[PDB]
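Below you will find one chain, with nothing else, as structure tokens; this is the form deposited in one PDB entry, and questions on how it binds or moves follow later.
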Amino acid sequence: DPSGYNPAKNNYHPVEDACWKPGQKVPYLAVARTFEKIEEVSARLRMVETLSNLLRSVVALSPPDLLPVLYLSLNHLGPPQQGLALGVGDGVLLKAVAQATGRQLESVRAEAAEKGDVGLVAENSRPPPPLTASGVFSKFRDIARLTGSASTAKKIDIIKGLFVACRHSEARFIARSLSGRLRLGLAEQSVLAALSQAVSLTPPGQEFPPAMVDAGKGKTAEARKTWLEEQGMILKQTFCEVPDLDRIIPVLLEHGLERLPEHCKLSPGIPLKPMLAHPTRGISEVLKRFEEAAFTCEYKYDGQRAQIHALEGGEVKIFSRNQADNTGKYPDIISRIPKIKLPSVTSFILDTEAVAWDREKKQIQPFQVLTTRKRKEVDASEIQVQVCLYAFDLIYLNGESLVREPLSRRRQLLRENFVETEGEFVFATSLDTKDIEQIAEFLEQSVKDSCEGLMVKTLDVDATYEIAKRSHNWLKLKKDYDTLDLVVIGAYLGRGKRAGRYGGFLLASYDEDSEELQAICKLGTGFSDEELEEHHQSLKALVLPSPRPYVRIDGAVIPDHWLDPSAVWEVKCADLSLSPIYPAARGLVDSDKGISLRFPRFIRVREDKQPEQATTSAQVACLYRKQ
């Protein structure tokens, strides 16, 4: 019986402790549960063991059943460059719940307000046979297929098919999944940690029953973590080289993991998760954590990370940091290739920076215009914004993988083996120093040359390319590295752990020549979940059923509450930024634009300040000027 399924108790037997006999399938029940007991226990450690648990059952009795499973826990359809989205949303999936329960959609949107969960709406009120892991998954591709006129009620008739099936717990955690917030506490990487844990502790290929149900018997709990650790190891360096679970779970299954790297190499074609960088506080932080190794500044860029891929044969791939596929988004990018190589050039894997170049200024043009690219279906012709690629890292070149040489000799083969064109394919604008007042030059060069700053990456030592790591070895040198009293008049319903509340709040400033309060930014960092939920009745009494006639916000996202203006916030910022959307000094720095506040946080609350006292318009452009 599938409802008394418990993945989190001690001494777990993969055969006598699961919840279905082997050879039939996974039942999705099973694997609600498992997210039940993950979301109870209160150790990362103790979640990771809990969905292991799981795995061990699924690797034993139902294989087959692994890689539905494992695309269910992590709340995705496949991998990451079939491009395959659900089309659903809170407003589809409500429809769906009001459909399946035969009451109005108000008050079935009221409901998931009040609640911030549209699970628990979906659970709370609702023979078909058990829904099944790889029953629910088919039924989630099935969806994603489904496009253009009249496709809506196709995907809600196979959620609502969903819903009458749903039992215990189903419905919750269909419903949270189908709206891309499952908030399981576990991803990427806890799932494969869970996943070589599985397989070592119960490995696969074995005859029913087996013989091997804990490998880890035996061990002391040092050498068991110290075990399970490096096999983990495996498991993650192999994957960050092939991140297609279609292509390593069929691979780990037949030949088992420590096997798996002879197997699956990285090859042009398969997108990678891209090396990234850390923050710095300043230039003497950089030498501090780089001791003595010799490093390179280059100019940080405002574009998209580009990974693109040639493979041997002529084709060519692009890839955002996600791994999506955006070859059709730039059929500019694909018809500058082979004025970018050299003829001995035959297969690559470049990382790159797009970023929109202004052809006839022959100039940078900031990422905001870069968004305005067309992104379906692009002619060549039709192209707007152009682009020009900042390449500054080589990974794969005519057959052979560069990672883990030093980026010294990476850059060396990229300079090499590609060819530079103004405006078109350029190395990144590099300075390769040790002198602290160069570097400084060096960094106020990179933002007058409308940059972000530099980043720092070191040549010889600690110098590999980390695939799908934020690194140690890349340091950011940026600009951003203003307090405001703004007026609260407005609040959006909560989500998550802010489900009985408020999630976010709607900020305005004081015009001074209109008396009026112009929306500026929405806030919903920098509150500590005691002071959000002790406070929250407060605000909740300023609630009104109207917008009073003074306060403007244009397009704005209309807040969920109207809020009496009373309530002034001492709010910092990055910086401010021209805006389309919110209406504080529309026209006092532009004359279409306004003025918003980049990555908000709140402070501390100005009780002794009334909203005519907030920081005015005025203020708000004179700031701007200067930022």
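Rigid core here is just the name for the largest C-alpha set that superposes within 1.5 Å across the two forms. Residue numbers count along the first chain shown, from 1. Compared with the form deposited in another entry:
Residue showing a CA shift of 2 Å or more between these two forms (rigid core superposed; candidates 146, 294, 253, 316): 294. Relative to the superposed core, residue 421 shifts its CA atom by less than 2 Å between these two forms. Relative to the superposed core, residue 46 shifts its CA atom by less than 2 Å between these two forms. Once both forms are fitted on their rigid core, the CA atom of residue 614 lies 2 Å or more apart between these two forms.
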The other form holds:
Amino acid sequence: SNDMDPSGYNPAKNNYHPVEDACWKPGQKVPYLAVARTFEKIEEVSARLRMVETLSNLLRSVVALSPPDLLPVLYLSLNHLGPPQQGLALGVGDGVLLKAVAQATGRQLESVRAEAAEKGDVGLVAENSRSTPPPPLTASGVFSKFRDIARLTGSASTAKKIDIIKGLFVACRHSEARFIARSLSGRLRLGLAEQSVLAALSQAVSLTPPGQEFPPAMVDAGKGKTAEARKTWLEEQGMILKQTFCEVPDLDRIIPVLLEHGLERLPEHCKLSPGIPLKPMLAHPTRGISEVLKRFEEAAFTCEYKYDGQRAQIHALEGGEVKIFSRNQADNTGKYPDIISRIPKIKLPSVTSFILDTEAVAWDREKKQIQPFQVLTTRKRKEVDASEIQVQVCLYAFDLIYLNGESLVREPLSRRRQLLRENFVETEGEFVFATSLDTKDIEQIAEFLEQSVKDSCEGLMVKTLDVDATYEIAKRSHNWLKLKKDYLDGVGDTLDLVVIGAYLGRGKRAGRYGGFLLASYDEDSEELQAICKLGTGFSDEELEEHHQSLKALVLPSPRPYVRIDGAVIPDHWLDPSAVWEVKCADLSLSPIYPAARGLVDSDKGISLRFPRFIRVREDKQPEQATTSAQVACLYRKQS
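What would the structure be for the form deposited in another entry, rather than the form deposited in one PDB entry?
Shown next is a single chain and nothing more.
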């Protein structure tokens, strides 16, 4: 009966009925166009609550009509390929994608490239493209082609990905090509990501319980509730799903349990366990110690060195298997044979399993001192052998999430940290507890902040010990504070840099400039040397003003005294004129930027770590910008 064309699917309508308002039939694969139309409706709105309801409508229809497609539809909505620990990646960026578009349309790659840049969205290019009879795309078919792309490996694999991609585009109808392309480029731009997908899912399976006989007698379990009881109930079901997901961020595990046992019984089937990465506790920036004392009020807190390495979530399973996961739940085990072989040394004989929250820091065993993050990044990644490791690592342990088969997630940090100290064993330069200070005295805190930089850290992490001090990400994901010198007004490295070029903006930046190429003044050669790009720190209004004043400085070709070497050629070369104050966290030795090359190193120039716009220096012309010699001086002052 339901022969509604998916082109008319409207998951945003009032009084959405999961069966009758779907654009597909019970037992039919969810059409990809149904997902694209949901994306369109989500795009058109800015209230996340409207977005969540719209997605929820789609999901309720999937649960009611096509339950096996729930997982692909969710992954499509998250724009992921599977669980984060499986390390599946498309291996497709704008390069492979635009080359695929060019072939599907007959156009030259430069033309497509130029249009994508101007429109700021590869989706608009693929959609408005003449594709110089295939069945309609389904959600699971598209999902599975994405996974086919990601699995393609070896010589000629790029051509094989382009072929799959072209096959997708030739079957696309209406808005499908826009979202296929946006999916492949990695930016859906819905205004809706993981938190809203979770809210939509918990809402969907609460209103339309999975697993009923068809047609479901219970299509809207909110209908018997007052508005206020409905809100309270959806919030509680949502919290169940979110807290479970933060401990087990694996839809492949969660969805079957959801579909079979329902959401209220989810915690009984999915729990934190070693070997499945969990979502890490994150930190909010603070702009000074006073801000720390106020945000925390009367809560006792501790300060810890903020080490400059990579987060390493170390799992030791019952039975001895050791896994190491990144901050993003990627499996880094194969990267760290040195750490696996040192686990025996770090725990008492009674420790049978754990999840440790640590920072892996590059460590010079000769000098017994910390090495910079840049050195850490020269470690091999895949399938590393333990004897060939050149850059040793020292683990700085700061949290214990799971111990001897018990979750510590609801334990306050005071207790988790005590359990860390009591059950684990320090070895200098191999595994040590984060340097810490428990105080509320500004003097000691300021001094400790100073000491951490002198001890080659970035600053401090500040964490309450007992008040709201648990590790429950679903309750507050940014429960910690980070205090870095470069956050403090007038403390960090600031530079005055010449804007030499602009890059057309993507997404909401389309039609203006999203980034800028900046240069220092090389006094000796009287040239401007590219030092970094810049794309954060301006309000939207400033960004519109920058575009409006700088488009008048656009040059057809660059000045001959403007050296950019390996930096990305700007979309618009700009007459050097505008001078901007830029803050950064650090200077780095750069493989591409020419700024100050030969003043520290004969071949490498210098770039900025985490540059951000502070303000225009309308009082300066290019010759008053920070010089390359000063950039070198700053770099050496880092020691």
